[PDB]
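Asker: Next come the chains, spelled out residue by residue.
Number of protein chains: 2
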Amino acid sequence: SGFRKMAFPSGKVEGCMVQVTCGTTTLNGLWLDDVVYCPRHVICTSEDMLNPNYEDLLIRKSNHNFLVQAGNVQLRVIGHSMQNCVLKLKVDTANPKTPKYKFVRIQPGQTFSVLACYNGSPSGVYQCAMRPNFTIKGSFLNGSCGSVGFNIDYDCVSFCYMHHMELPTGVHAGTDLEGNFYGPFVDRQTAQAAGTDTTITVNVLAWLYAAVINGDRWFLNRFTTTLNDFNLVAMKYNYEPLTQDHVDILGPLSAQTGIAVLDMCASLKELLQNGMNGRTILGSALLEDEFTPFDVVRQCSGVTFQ
Amino acid sequence: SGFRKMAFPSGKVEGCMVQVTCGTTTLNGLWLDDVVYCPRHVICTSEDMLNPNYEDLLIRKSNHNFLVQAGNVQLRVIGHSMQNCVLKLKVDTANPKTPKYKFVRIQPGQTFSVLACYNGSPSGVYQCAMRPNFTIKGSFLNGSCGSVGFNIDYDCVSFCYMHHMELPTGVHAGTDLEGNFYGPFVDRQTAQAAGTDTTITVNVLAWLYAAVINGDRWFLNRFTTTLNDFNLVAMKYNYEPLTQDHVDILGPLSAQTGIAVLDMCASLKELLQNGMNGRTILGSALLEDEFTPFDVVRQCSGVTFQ
Ligand SMILES: *[C@H](O)[C@H](C[C@@H]1CCNC1=O)NC(=O)[C@@H]1[C@@H]2[C@H](CN1C(=O)OC(c1ccc(F)cc1)c1ccc(F)cc1)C2(C)C
Ligand SMILES: *[C@H](O)[C@H](C[C@@H]1CCNC1=O)NC(=O)[C@@H]1[C@@H]2[C@H](CN1C(=O)OC(c1ccc(F)cc1)c1ccc(F)cc1)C2(C)C
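If you read the protein sequences in the order shown, they are chains A and B.
Residue 3569, in full-length UniProt numbering, is where the first sequence stops; the numbers in between run on with no holes.
Residue 3569, in full-length UniProt numbering, is where the second sequence stops; the numbers in between run on with no holes.
For reference, chain A alone in the conformation it holds in the complex:
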């Protein structure tokens, strides 16, 4: 038993991390087969980053302007091209540690693991959710751009995120691995604001089911509610509306615990209207919304990856 925010083992990604330097900018790249992927603002200087024209900037660059460091082994760049907001640096060596991988784009509400990196060297690993407003609440300092987010399915790494920037509220924005930003953001050093967020309702319910499975039961009750009446309360407390597909996704967790989904909604309603009265749930005094139903099933059942 126990429930703990859990990242995927990072080994398969650690072997893809390299350092990319151009001029005065150093950041991380992702080395798969004979291509290194990295944020395109590596071609910029400081007075470039205020209002850059990246096509213009790139045509003035040379293969030899890009210094790629794979540990203490230098990789010669033999081609370069821009794909949306990422650079693709074609190198003369295929990464012998390339895992099976896919480039996927995730949905708000979904989680992934982040391998934070500096100077091409992994620093730590942690779990993040994509917020409804397409930001993530990460931990990123200068030099961390090019760190990636990912999920692992047996032996296949599904890369979903590359880090590019921090917004004024301290939250983080980036792209998928095809270089397309999550949310209405641009890779320019200007005033951009996140947009209003909401709480991921289906995830809170998943986490309540994780709590029951682990023996926290105090918030349960005999009451029930209809889906429509629950959603009237959700809107009040800035929670996302619950759909029948969410109810279906929660089916297995309902069946394991014997607590009907709409019954757990009645529990959530009471928690929203009353607070917790000084009690905790799975060691938290807040309703947690960054665990998906799959995250709960994986951890409360123990799936691995080889």
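Any given hint might turn out to be false.
[Unchecked claim] Each computed SDA-like pair below joins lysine to any residue, with the alpha-carbon atoms no more than 25 Å apart:
#	chain 1	residue 1	chain 2	residue 2
1	B	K3360	A	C3419
2	A	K3268	B	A3357
3	A	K3268	B	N3335
4	A	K3400	B	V3475
5	A	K3400	B	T3555
6	A	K3360	B	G3278
Bear in mind the hints are in silico, worked out from the structure with no lab data behind them.
Could you slot chain B with the ligands onto chain A? The hints should help.
Answerer: Below, chain B with the ligands without anything else, positioned relative to chain A:
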């Protein structure tokens, strides 16, 4: 910016994880050079695990009773011996992925990363603290024994923990890598209770400094307090006493923020006596105590590992 519970990159440990099967028991082993380390209760059956005599049980075993699986490659056991509560299985192949390592024993209050494993395959990674009562609040299911806890210093892995068992309260107990239990526990399936816990005071203060560095300032105040007067309040709220060495350890974080250690103690005093009044600190509605001063400095400064 941002502050997030962060594990070390797990790659160096992933390459040491193997599967050990004896009779009907399967668990994980740690393969370093030509030795596999694993919990000694792998030699047990169910009616062994109630009150086992492990010397007796081991003399009845054979090298060939131990099936060691390194992925899909079987390792022949050529010797076996017991060291306290761990088994050392001498195998005919040295692990070519053996990192530089040390076996260290940690202190309550210290943190480490856990690579949870099943059937020799890594499942997830997360950060844990050793509680003052020598338990850890982990996430472990059946088959997870032999998973290890560790810290990484540049390129050296300091193994500090091997998982053995879950207590009735849902917390977890295990040994150092020399097989000596943390706390007053034995590897027997009997009634053992954790012992009363306390809150790690120096870590809470470190986390308050992480909050200030990240812009949470509402809990600050002009008040101050003496170390003695703070400790009168700590004892009331079941917090550990603060020592001058804790104050010294917090010195660098004090200097960075310009907030004297004893001033932050006055803030903690107020938080203990008043609660939070519906506010949060670093996304938490509880005072968090599983970040060390070193964890805060590493993350709020960005140290890596190669
Ligand atoms: C890449 O390593 C870097 C990662 C940032 C640095 C701090 N935390 C991170 O996640 N990315 C950037 O520096 C990008 C890059 C420039 C600007 N930028 C950025 O993150 O935004 C900064 C900013 C400055 C002023 C504003 F009005 C808005 C945003 C920024 C924010 C915090 C901070 F500590 C430093 C810089 C661009 C987008 C090309
Ligand atoms: C090894 O994989 C296993 C890991 C445990 C299983 C569940 N969570 C874990 O961390 N370790 C054990 O099974 C050890 C092993 C037997 C008993 N044991 C154990 O964890 O304690 C169990 C227990 C049963 C009855 C009690 F009165 C106390 C303890 C236990 C607790 C929870 C659970 F789901 C299953 C079993 C020993 C110590 C040799």
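Asker: Which numbered hints turn out to be false for this structure?
Answerer: 2, 3
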